[PDB]
Amino acid sequence: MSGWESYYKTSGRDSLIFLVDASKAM
Amino acid sequence: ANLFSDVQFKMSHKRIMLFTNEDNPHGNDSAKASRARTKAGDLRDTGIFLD
Amino acid sequence: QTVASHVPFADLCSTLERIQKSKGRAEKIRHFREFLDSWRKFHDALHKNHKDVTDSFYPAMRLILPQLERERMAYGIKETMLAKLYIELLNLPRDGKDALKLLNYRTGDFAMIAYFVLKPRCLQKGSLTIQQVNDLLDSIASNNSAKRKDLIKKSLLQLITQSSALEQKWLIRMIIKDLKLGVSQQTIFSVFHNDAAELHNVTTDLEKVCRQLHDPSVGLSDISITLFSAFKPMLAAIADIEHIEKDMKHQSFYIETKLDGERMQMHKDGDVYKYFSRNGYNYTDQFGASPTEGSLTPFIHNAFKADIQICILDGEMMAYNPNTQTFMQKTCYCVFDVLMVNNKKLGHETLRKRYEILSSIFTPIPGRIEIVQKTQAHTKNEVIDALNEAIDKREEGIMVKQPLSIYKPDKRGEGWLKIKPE
Numbered sequence: 001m002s003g004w005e006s007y008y009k010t033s034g035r036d037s038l039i040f041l042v043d044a045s046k047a048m
Numbered sequence: 151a152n153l154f155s156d157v158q159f160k161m162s163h164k165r166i167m168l169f170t171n172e173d174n175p176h177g178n179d180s181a182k183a184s185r186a187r188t189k190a191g192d193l194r195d196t197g198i199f200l201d
Numbered sequence: 008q009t010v011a012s013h014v015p016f017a018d019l020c021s022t023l024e025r026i027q028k029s030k031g032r033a034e035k036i037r038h039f040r041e042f043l044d045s046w047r048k049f050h051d052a053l054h055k056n057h058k059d060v061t062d063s064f065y066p067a068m069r070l071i072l073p074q075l076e077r078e079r080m081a082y083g084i085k086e087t088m089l090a091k092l093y094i095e096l097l098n099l100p101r102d103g104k105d106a107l108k109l110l111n112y113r114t123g124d125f126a127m128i129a130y131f132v133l134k135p136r137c138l139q140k141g142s143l144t145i146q147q148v149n150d151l152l153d154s155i156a157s158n159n160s161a162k163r164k165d166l167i168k169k170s171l172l173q174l175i176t177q178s179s180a181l182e183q184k185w186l187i188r189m190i191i192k193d194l195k196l197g198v199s200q201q202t203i204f205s206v207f208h209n210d211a212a213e214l215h216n217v218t219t220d221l222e223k224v225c226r227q228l229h230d231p232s233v234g235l236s237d238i239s240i241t242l243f244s245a246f247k248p249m250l251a252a253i254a255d256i257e258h259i260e261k262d263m264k265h266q267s268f269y270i271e272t273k274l275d276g277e278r279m280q281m282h283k284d285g286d287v288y289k290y291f292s293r294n295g296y297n298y299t300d301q302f303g304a305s306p307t308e309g310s311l312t313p314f315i316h317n318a319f320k321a322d323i324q325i326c327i328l329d330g331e332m333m334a335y336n337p338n339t340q341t342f343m344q345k362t363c364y365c366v367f368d369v370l371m372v373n374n375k376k377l378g379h380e381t382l383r384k385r386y387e388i389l390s391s392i393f394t395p396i397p398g399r400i401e402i403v404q405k406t407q408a409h410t411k412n413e414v415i416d417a418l419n420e421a422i423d424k425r426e427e428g429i430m431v432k433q434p435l436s437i438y439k440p441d442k443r444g445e446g447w448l449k450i451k452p453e
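Just so you know, the protein sequences line up as chains A, a and F, in that order. The deposited numbering puts the first sequence at residues 1 to 10, 33 to 48. In this text, residue positions in the second sequence follow the deposited numbering: the first is 151, and each later residue adds one. The deposited numbering puts the third sequence at residues 8 to 114, 123 to 345, 362 to 453.
It is worth saying that the hints were derived from the structure and are not from the lab. Backbone N, C-alpha and C define an ideal beta-carbon position, used for all residues, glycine too. Some hints here could point you the wrong way.
Heads up, simulated DSSO-like pairs for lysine-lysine below, C-alpha to C-alpha not over 30 Å straight-line [said to hold, decoys possible]: (1) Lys108/F with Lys160/a; (2) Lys58/F with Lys9/A; (3) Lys91/F with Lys189/a; (4) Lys164/a with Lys375/F; (5) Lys28/F with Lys182/a; (6) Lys164/a with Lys108/F; (7) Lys9/A with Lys168/F; (8) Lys58/F with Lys375/F; (9) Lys189/a with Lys108/F; (10) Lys189/a with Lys169/F; (11) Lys439/F with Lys247/F; (12) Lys58/F with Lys164/a; (13) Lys247/F with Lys182/a; (14) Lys375/F with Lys247/F; (15) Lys140/F with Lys189/a; (16) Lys189/a with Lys134/F; (17) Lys9/A with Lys55/F; (18) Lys164/a with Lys104/F; (19) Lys247/F with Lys9/A; (20) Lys9/A with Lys439/F; (21) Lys164/a with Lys169/F; (22) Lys91/F with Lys164/a; (23) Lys91/F with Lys160/a; (24) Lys168/F with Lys182/a; (25) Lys9/A with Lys134/F; (26) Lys134/F with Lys85/F; (27) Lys85/F with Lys189/a; (28) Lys9/A with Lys140/F; (29) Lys168/F with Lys104/F; (30) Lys182/a with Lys104/F; (31) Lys223/F with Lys9/A; (32) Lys289/F with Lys247/F; (33) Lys182/a with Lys108/F; (34) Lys182/a with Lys169/F.
Selected chain F positions facing chain A (Cβ under 8 Å, derived; list incomplete) [as the list claims (entries may be wrong)]: (35) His13; (36) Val14; (37) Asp18; (38) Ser45; (39) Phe49; (40) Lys164.
When you get a sec, could you build the whole thing from the sequences and use the hints?
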């Protein structure tokens, strides 16, 4: 008989981005 | 709340009194406490006083 | 002792949730197959002693595919009515956030909003089985058709109080009949059985699709052919010789001489001989029903071997003149196919097995019954030679058969090919 519980048994390429500041000091 | 809703007459006041001596009705389970808090808040919004 | 009475609704809801969550079709198919296999194993275990069982996968299949529900009438509760009922029953404030979210859902579907609302307001483990849910939905539909809303409210309240948040979401989706899982009807039917979609198309009643096609091994062919029953024999499709080699992936085939005789089927069972035509017309009186009556039946009783007791055959009936040993075009019979022998059914087996077992049915005897002449060919030159020989013999044309073809009654195409001059 048992029950329902028993039967259920529940590479690539590198990328680089440059970021240059554009302020007065530079 | 269901008992309050059944009444057909106009009810100026809605009131509930809790006669109990257990300050921690649900200490083992926190979900039950959260559900009770939510239900109490909903009842307060409905306009049911709790004592 | 239906299986649906032992299966909690929570398990079905969890399986559906897992299917929806998964992205790839493979995971969804695996989950559905595992659930169905568990159900089938439990069904086999439960019904070991019973002989006739009407239990099937219908209780769960109807819920999984609400758009195919026809036994249940319209529930009469759309999104707005469901929201109003939820607001009234849960006793939420009319002006509260939950009520505004439920009512104003931009008539993110309503099911998700209801699930979010009920998540902190409902239990975590339900206790309603599939049978109970089906009964409640049946009651709701019957009461809607009877114009009664109090009992509808009672049933909805029972469902709300005896269900969790996920179960409520799935029930709302089922009522709205918008159960989306990422797998269409065709995929679910294919997972269930290999011949479910076409059967459901043939008959728009889901119960029989789930009942008859219960055992995966038993194909549509076995159920389509029954003892003392008149089925619909298939027919070949006209094709050109120039592309004949392309009809069978350049594989070996069988060439048969077409006979200008009416298609007819018969069943032999002891001293009982049943006869039927392609259209189902009964003509057992023409040749009798017993070996002691009729013209053709008496001469074929001894033809069958002792090893054969129950059999079903189909072929062509024509007229034969022994004096000139000729066949006259529009009693002799030709046998070229066997549908069932003994308890076992030959429908599932390919044409090769049928041809192999034909020789063991009865000893051919010219004049009354024999086996239609046929050969094996794999080249266009052989087809041309066979066609020329048939034309020289006044035969209408040629039958081309693929050994790998299976018996598919009531279908056009497959290995049945008709070749005629044109």
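Verification of the hints:
no., hint, result
1, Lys108/F with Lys160/a, "holds (28 Å)"
2, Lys58/F with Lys9/A, "holds (28 Å)"
3, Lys91/F with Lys189/a, "holds (19 Å)"
4, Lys164/a with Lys375/F, "violated (76 Å)"
5, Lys28/F with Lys182/a, "holds (28 Å)"
6, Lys164/a with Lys108/F, "holds (27 Å)"
7, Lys9/A with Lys168/F, "violated (37 Å)"
8, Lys58/F with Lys375/F, "holds (19 Å)"
9, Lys189/a with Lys108/F, "holds (18 Å)"
10, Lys189/a with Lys169/F, "holds (21 Å)"
11, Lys439/F with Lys247/F, "holds (10 Å)"
12, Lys58/F with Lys164/a, "violated (62 Å)"
13, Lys247/F with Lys182/a, "violated (64 Å)"
14, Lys375/F with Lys247/F, "holds (20 Å)"
15, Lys140/F with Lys189/a, "holds (19 Å)"
16, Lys189/a with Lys134/F, "holds (13 Å)"
17, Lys9/A with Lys55/F, "holds (21 Å)"
18, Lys164/a with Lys104/F, "holds (22 Å)"
19, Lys247/F with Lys9/A, "violated (44 Å)"
20, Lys9/A with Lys439/F, "violated (38 Å)"
21, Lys164/a with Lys169/F, "holds (25 Å)"
22, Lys91/F with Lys164/a, "holds (24 Å)"
23, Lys91/F with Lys160/a, "holds (22 Å)"
24, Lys168/F with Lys182/a, "holds (26 Å)"
25, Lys9/A with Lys134/F, "holds (27 Å)"
26, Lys134/F with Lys85/F, "holds (22 Å)"
27, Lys85/F with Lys189/a, "holds (27 Å)"
28, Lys9/A with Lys140/F, "holds (18 Å)"
29, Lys168/F with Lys104/F, "holds (23 Å)"
30, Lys182/a with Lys104/F, "holds (22 Å)"
31, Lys223/F with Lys9/A, "holds (29 Å)"
32, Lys289/F with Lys247/F, "holds (15 Å)"
33, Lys182/a with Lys108/F, "holds (24 Å)"
34, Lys182/a with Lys169/F, "holds (25 Å)"
35, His13, "holds (5 Å)"
36, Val14, "holds (6 Å)"
37, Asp18, "holds (6 Å)"
38, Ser45, "holds (5 Å)"
39, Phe49, "holds (5 Å)"
40, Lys164, "violated (35 Å)"
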